[PDB]
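Enquirer: Spelled out, the chains give:
There are 2 protein chains.
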Amino acid sequence: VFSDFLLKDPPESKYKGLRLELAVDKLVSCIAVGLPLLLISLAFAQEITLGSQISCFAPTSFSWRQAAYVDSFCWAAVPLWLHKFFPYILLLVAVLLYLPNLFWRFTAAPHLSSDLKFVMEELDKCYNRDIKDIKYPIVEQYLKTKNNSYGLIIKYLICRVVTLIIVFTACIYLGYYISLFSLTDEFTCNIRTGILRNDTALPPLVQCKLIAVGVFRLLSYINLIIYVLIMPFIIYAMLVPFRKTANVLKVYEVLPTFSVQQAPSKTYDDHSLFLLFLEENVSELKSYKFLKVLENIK
Amino acid sequence: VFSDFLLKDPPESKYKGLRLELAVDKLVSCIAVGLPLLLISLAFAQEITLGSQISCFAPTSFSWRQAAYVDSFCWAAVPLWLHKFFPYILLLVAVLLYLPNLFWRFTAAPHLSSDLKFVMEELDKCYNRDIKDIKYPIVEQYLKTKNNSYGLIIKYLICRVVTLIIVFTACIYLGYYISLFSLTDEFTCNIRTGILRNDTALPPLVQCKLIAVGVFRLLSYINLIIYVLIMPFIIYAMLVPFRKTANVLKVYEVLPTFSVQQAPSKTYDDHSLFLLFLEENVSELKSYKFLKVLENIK
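As you go down the protein sequences, you meet chains A and B in turn. Here the first sequence stands for residues 11 to 87, 101 to 158, 195 to 357, where the numbers follow the UniProt record's numbering. Here the second sequence stands for residues 11 to 87, 101 to 158, 195 to 357, where the numbers follow the UniProt record's numbering.
No lab work stands behind these hints: they were computed from the structure. One should not assume that every hint holds.
To be verified - 25 Å max Cα-Cα, derived DMTMM-like pairs, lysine to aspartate or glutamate:
1) A/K140 to A/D14
2) B/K155 to A/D153
3) A/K18 to A/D244
4) A/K203 to A/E57
5) A/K140 to B/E22
6) A/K303 to A/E31
7) B/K158 to A/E144
8) A/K24 to A/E145
9) B/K351 to A/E338
10) A/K203 to A/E338
11) A/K148 to B/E144
12) B/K24 to A/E343
13) B/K303 to A/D138
14) B/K155 to A/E31
15) A/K268 to B/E245
16) B/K351 to A/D147
17) B/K36 to B/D138
18) A/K155 to A/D14
19) B/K345 to A/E199
20) B/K140 to A/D19
21) B/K351 to B/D153
22) A/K345 to A/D153
23) B/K26 to A/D147
24) B/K26 to A/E22
25) B/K345 to A/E339
26) A/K26 to B/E343
27) B/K345 to A/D258
In isolation and in its complexed conformation, chain A is listed as follows:
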């Protein structure tokens, strides 16, 4: 009947902590954000301890400031900018990896939270009414409405694709850096450009060794290992229809007011993602344990 649709008695803070993000996605994002931040914090601290990036052997005739000038000249411009922009690139990739979390929180979190709250409220009310009667399937209709939408799934896929693309780009950059800075970390520098061509009082070439190359190599190796370890998790999370989902509704047709589920399908609609979130958050539902034990009774 049209008597259960009243909403004059809504819960205040009954749920208080609904999980709006999947556990594996949260873990992957947390790792991929924390590791670069900590590693470049370590790099900044280590070079602050060191105080320089490149060391060049200047002739004894040169004074202190002439040696400083040649050091600065050789530090500015085989691709050399890879070693110079490594921490900035790591910050950029860390910020880009943190961005999808903000996008998901700002574009899809409130609607998903409201839908989950409504669905579990309806489930609990229907279970209580049915268990009181034994001493209308609103949830089924809401899921049927969700069966044709495409917004939340598109947002989730966009977040996962952006994260995967950023991770792959970072992996490519780190591998290229590791391959390039492997033979040596020293080169020759020519202090000749400009007016310095005329005078021959300066050596034609000076040996310049790049410092902290080994530390950067170790950080690149760690980042590459972590990223190639976490990439399969992102790939698996992308395949929403093929996730190992446990049908929470499979235990709910024991009640008389629930029909047997038919036509699973669940290719790339909001039904699949919503079912995944419902399975994740079913721990809060009070009636789930009662339904499970009642099913195990028979």
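Let chain A serve as the given structure and place chain B on it in line with the hints.
Expert: Frame of chain A; chain B shown alone:
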């Protein structure tokens, strides 16, 4: 009848988190504020690691402090001030981009929040009364009153226009800097002005190379790419009437006390912006899901 106008029972904290800013606007503002701040923090840290901005080759006859004096002279005054004022300009544009958020929060947030609260309260009360009757359109009148106002839409347009203008000015400045500081980062410096003209003990010219030019170029490239990526979002947000709006009222004429909407129009009035905010915040409304499932029933 004139009996539903009582207000002796208002909710205390029923809503608790109404979204007073659009998701895309919030994301654009957050990105355009965070990126420059982090990038100039990186620039400050990097030069603190470096400790200098310009390196000049001084003659061996010069002492330490004479070289420091010529370094300072060449650092002070082809436009050179572009490289000197880059972080200050970035802070200025970041603060100017953060200003519209404060303007919107101080001038339009409370009134919009109150209007939204009143509208959803009226919607919920009318739905409950109608669903109780089946076992006066105050919202329509309030929207008709809002159909002639122009304040909130003017404030929103002012915020968007200011943000777009600041972003475009920053893009122009960054492009000009990138174009200018591309051929070289070194020049010649003349230590002659004042009493130094008479004595010939100083070289007529000295080579001075600007340091951190490549880092500034990379930061400018990143800022320009991000800003030209986010500008179309601002342009789309400016076109309020042409937004892909979903009529939340389209599901509300099922109730007998609701009339069919007519004359959409919605050119540049507060009705369009208020409808956009209502569609964004409809997730909090309890009756929206019930109306959706009832509409899907038929």
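Enquirer: Find the hints from earlier in the document that the structure breaks and name them by number, from lowest to highest.
Expert: 3, 4, 14, 27
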